[PDB]
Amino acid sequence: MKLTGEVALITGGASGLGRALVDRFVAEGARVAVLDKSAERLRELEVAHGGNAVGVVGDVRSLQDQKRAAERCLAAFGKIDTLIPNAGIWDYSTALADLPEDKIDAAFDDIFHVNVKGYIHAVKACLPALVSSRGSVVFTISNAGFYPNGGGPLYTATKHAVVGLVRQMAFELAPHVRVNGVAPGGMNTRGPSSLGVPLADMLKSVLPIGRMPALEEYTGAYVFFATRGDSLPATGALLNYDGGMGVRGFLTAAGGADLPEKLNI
């Protein structure tokens, strides 16, 4: 297995991509501490991976809860090799014009506290452990960190902010801790309480690869960055992992639909 003996801490790991990552990492022989809000989903995850996962109930916006998570990971598993700050909330792609005046302030805080501050706090909480292990941080970004229309101004700003975290923390924590970003997109899939695309169009206009991958197919990039001995030269790296959103064509996403007949293959 790719990650035998490795210890990772994954925030927002009780569901979504984060849970797919927990499952993958454990299958790869890793031990995994998860910080998330749902006590029930966390206990379910602990039992699913008996002895290879530990769940910490808490608020990713709270430095104290991030520190509780780091501490619990160290208590259960003895070290932290790879930190994966991953918890994020969306903004329904709500356009600036559609953000009501009486909710915009609250919404700003909700989404930024989770998507950016929670990442800052995760890294802050885990810094002693990561320096000790000469480990690494793998941020979950998004296509919204690079291109428009993957979210409203709030979500897009937060994910661009994370690209800034990749760069500044790769600098600040060098030479001791490496810091990289995976920017998934085109996956299967919740926004703040203050706020409230067809597959055909998705395959034709958005995704050159011509299909929406299952969540599990997005876990491999994180295994790569977490693998002992495969990512040593990488810091400040940004891996767009979104089906080709940034390289899509003007009239169609892909240019090569006819190749198989074109090449008589």
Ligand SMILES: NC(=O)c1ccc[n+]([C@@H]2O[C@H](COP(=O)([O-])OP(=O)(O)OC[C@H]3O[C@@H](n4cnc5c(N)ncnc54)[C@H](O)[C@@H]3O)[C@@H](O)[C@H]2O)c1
Given for the second form:
4 protein chains.
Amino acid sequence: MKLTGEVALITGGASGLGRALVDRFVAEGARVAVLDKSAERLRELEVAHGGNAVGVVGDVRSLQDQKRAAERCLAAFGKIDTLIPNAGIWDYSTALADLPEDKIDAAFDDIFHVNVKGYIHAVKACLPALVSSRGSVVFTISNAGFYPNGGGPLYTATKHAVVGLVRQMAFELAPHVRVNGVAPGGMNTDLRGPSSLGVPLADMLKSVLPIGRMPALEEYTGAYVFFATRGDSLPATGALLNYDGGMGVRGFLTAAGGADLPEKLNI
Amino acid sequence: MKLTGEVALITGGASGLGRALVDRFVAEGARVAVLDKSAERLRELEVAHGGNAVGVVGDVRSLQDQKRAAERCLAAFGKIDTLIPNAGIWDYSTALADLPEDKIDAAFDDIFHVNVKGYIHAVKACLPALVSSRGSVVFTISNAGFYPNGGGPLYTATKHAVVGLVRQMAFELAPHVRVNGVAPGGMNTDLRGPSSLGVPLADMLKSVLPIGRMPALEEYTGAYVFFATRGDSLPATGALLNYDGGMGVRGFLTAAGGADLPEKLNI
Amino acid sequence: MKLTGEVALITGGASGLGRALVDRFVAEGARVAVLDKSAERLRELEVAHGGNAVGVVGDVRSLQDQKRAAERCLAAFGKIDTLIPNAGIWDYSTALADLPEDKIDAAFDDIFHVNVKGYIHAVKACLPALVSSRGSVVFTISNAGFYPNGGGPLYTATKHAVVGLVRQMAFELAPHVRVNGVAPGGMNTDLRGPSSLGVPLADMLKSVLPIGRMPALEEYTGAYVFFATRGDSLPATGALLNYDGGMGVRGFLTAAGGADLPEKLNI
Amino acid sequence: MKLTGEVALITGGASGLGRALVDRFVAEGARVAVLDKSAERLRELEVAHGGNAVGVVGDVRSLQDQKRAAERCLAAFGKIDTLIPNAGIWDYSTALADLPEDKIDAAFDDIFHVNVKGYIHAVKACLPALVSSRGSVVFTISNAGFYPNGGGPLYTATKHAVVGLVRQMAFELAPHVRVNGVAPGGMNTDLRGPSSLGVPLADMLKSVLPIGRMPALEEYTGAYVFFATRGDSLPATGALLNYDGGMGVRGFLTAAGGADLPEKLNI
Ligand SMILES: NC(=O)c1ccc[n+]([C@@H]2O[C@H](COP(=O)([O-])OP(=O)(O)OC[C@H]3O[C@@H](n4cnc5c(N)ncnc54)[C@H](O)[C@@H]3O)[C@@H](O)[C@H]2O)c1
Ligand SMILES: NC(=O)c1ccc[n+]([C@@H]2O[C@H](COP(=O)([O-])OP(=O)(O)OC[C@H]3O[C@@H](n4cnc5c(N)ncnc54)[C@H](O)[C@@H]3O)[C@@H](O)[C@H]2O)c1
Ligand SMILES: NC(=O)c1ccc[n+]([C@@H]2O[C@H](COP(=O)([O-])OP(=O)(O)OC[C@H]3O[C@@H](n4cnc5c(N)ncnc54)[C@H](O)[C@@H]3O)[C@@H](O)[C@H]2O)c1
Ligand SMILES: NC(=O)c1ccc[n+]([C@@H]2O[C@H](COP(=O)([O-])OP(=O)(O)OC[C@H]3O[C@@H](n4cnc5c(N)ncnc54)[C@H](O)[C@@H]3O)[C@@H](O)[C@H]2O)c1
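Moving from the form solved without the named molecule, what structure would you give for the form solved in complex with the named molecule?
Full assembly next; the chain just shown is listed first.
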């Protein structure tokens, strides 16, 4: 019940991690506005959280649809405390040599407009409200914003670019608006890619994830609730939380190094 | 109450951030065991929190002291869920040039034994318990573990060394024990030093903290509660949470970049 | 002469750092092909360096232009050993708030196509050659790829995005092609911007550069020579060389910390 | 021939990487002073480089032996341009659960005194000369200063601590002395450990090193020559070069991702 009386705006929140955030935020007593391209999923989200959540049909690439979202949130809930730019697009982990010449330009535009420009526009549109509420921006990043092999050249670059947005916007919006970033990873997603283009579980636990399990979307919502809590994260700005099961602390031969511990410590 | 039923062991928790963490963890429904060398201040928290806080007097540099703290935590509460190695000493930001040639060796030992060895000895002492509970470690680092001018060569090195403890212990203790770091910064505590040695934050704020204010000790507890909440931080291990008012994302001329922002929007 | 027999392709090398790199690489015994949109300045270096430098006029945003540069390099010199994507555009450090709502979309495309896509298209065009020679890529990043206030949201994001290109391309092109980044900082160049938009470094030095001086363009070439020397940088891939006069290690009050050091030692 | 007329002091340079640096530096026309505990190897080094190199028998843990080294270098060569604190001790990659209780204290003291305090004392002793020569410090670090599994809790912490020394000393010694760090890895070493304590090639190339080979000590010397070159690294201070074959950019399942490239690009 950390988010009583708090109002969030979450982009791309009609499915996947975005939807999980909505469901959790509403359950934490928050009021949530969602900008997404999916009309029928937005209405589905609205009836699932009657009164607490409102959906606005639009494109995150459009600044005017971002403004419509910010305007609709203010109209319905009076304020915007926390902004979660979350809408993202994958590149099917396509390598540079595997990107066809005749498709490489449009693929760049698509992935960068949704992944970076969408985040730029979202903060731009909600800025007046966030300065008024003295709130915070929590960007959804990725392990592909810190490490390779979590996407091709396109997705990795877009996700490293939002890390730059975390740092720059934290500087720019201070002392009024705090800007932080969560970088999730090792999820179970129905994440899609551009129209221009087109790891086994056993290998994922032994070599990719030290934690030795692939958590559900619900387990990735806690990080956002923390950043959106009124009195829990005031000192936090420019913060980067790697939330990927330990992809950056994985070992050379095996992901984890303490699987023997229980029977080594005689428990 | 978010930590109901949980048990924490915090070192250096009789004053400053540590005490604030004790207060907050008890208030959140958890039970806290505290290792500190200050006898008077351990009694102070004992009467304050009743049976929910046990104070064990000892030095963090001593392993058998650390083990005695782990014993008492198990005897009083039955388990250990979250270990918070927090006990730390400062070097007054004494430069290498200002370090006396006869005081340097003893000052190196003093600061590294508490700041790094005491962090090692705590995990070592609590390892069988934390493995049993599938619990987690949360190190108190500092801005001095990431950027210079937080302390001198000694303090900076020690706080950088615990960053190494975060990464190595996150690998070594996986999959059962998650290991994370919080790095507080804008604090204003009576952080003491070595008896082998001899500018206020407020006087320099607009060059240090983009957040534009000085957060209370209480405001730094939320990050630890997060890493202590099992249903909120499961996919987090090896994570480094910069919690320093944005010291690492400050500007060149001034710390914050948007002093004249509310007038650009007419708020 | 350290680069005798080697062949380099540098983009944006008709002025500033790029030209300095051309000058230095030719002086070190190598032969340089240059891609730039400035026709006059490409002629200027052609007469200066004789047959050892070929200028190809084109846009880095265009892949077939990039391929035409790779063709001409092979036609003139027979191979490509070191590719230096360097062509870059600035945003005048224009804040998100100061970005017009009608100029933002076109400014995003302008800056990201040159700064990120032009870096992608260069490697893509030169990949068959660099794989053939077991050569290496060296990206020109910036302090804005690591810390804020180097540019606005756009430039910072782009320069952070190339950091992602370093990491992903270092993985994708291994074991045959090493991929590294240099990040210059204390430069003083006529770094232009997008035609969709409208404080000197010297005026702010003691807050910016710990080195206490402004290095000439020539002084920034040595890092690239290093990554271009096969017998000197073989174990280097994915390396990020901060080359910014120490912007990331500056103090809070002043950039440098030992102004009064020679008197503490009586020098 | 980059180092003509340059004078270096390198600690622990009687064997391994240190010795390789001496041999290379002398071959680059540099004059080298070496502080090491091995008397017979120092004299062996001296006769191998007659006139250009001078050896001083002492302990890096001793500040007075560091002062003797700095004094002997000045006496023989008149100046100290570059200091390379290189003397280090491994921990046989011993995990925390594998460190015996009765040995953990002395092991900490030994590894931290050589690895961190030695570096502290070296800079301390050469400081007067380095301010006079306006030179630079180049610390030898390790991949274990950035990533886990390159050592146990002890070695990883010591190597992360020197990264802190790079950042702090770069701040402290500016604008006169530049402070940088090289972090080598994937070497072929006879590196030893403490008396308290006590990866196959195929697995090392497929999972550990993207470059797909284990280079000789000679290939790791180039990075140091760059930092010690008079006019090649003036803008460089606080710089961290990961020089480990790409350990930090390695993939999830395989170290490299472009082994198919040659026959994919039809060469
Ligand atoms: N796949 C993974 O495991 C993984 C790893 C790291 C990071 N992430 C990040 O998680 C975040 C959310 O992922 P998800 O699982 O919800 O993906 P998803 O595809 O399930 O959901 C994405 C949502 O964004 C909306 N959307 C996409 N483009 C839009 C546009 N242009 N305008 C408006 N709406 C748009 C879609 O309608 C969809 O509802 C993304 O930013 C992704 O980069 C995922
Ligand atoms: N002071 C700041 O602004 C600041 C900034 C960043 C990080 N920190 C970190 O905060 C952490 C908590 O300390 P604090 O800031 O509250 O300072 P503090 O001095 O108020 O608290 C330190 C506690 O550690 C205990 N302690 C010290 N040495 C001990 C030993 N050898 N054995 C047992 N107990 C010992 C002390 O009794 C005290 O209760 C420290 O690790 C410090 O590095 C402080
Ligand atoms: N200005 C600074 O102080 C500073 C600081 C850090 C990093 N940098 C980086 O240095 C790099 C080199 O640029 P510079 O500083 O010499 O500035 P510059 O403007 O002098 O050089 C840029 C060159 O790129 C060429 N160019 C620009 N757009 C092009 C295009 N679309 N197609 C082909 N060529 C194009 C220009 O003709 C010019 O010759 C840039 O990537 C910049 O981001 C500069
Ligand atoms: N093993 C690897 O592949 C690896 C990986 C990363 C980093 N490194 C680093 O490389 C550096 C050099 O390694 P190396 O191969 O030369 O090791 P080495 O054991 O071959 O050489 C170390 C030298 O240091 C000297 N020395 C040690 N302790 C001393 C003391 N207290 N006083 C004086 N001299 C002392 C020894 O006499 C020896 O000559 C070390 O700092 C090590 O941490 C090695």
